[PDB]
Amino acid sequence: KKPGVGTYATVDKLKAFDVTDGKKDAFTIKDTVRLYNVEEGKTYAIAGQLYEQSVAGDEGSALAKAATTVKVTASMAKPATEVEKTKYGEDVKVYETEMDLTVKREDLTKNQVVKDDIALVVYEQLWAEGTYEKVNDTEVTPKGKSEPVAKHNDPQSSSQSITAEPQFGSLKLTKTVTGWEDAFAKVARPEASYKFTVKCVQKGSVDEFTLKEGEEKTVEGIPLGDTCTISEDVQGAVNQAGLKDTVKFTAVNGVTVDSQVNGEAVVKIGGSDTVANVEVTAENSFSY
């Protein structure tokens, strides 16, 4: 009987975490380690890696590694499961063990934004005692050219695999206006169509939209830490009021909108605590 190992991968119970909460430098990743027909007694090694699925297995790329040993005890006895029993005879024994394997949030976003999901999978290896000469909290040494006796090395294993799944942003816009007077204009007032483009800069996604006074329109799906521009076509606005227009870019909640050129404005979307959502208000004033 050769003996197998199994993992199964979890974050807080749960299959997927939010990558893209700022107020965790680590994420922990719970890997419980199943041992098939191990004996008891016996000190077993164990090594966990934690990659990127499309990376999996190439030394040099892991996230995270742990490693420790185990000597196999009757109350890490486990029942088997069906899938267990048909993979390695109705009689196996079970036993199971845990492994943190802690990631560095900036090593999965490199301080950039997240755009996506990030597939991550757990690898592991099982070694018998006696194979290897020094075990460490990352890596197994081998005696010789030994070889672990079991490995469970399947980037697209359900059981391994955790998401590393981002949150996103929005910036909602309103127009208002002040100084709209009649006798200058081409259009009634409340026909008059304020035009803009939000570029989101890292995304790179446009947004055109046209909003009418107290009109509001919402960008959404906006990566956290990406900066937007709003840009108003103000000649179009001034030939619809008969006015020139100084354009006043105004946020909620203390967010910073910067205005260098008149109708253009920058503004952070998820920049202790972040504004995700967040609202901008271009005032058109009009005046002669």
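Numbering follows the first chain given and starts at 1. Compared with the form deposited in another entry:
Hinge residue, chosen from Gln125, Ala237, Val219, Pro166: the C-alphas switch from fitting one rigid part better to fitting the other at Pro166 when the forms are compared between the two forms.
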Second form
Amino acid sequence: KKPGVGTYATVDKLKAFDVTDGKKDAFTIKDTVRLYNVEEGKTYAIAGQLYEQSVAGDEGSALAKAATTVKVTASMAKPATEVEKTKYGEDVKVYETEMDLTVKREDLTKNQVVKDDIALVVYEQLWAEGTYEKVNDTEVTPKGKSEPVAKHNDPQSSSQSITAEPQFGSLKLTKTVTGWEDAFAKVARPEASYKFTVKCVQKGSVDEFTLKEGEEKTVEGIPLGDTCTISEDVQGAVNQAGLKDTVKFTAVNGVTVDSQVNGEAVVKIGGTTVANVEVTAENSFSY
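Structure of the form deposited in another entry, given the form deposited in one PDB entry:
So it's only the chain below, everything else dropped.
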């Protein structure tokens, strides 16, 4: 029997949190530390670090760090999990304590649009009594070449994983028509089909579709703060109506829509601000 260490990471009792929550400036990862086959009455040092998964273990890349000393006692004992017993034996003695790892929301988002879930992971080390020169509240200083007696530096650990989950916005587009003239039209008004392409730059999306007059289409899952472009096939509209088409874009809820070329709009979907945006493209036909 040799000492071991394990961890279970949570945020507000859960395995994920909303990283695009503007009301939060930081998040606290509860790092529940499980000490295996340690000696009652000895004083160990423990350290934890929080990393984004792709750089997990890279010194300099830590989002948060914590360190402390723990004098192991019987009152800390907790029942072993089946996973713990499988690894360490059915008689493994488990002692539990905890530390907090607090990360600033801006160190996750970089104050930029968040496209995808950010995978996080907690690493932990256990240091035996006398093996560390000192401990501050972030790091254990070794005695020269000394090392922890156990580590849990496991980047694929589900137990130590946390997901920083972004929320998403959406864009609804509705087509309207004014100025139709049967003398010039080449199709029946209710059969006219108006072609659009909606692109969202941070999402990396291209959605092509048609709307008849009065129809709508929604593009979902747009990163908050994304820039979205809407492009109509204006010549296709002109060909069907037999008239010039001035496309007039509007949006509800005070959202601005910019149009620098006829049939082209740019709109922001949320902030880095309204998240479910609704735009109307009016095909204003005239001779």
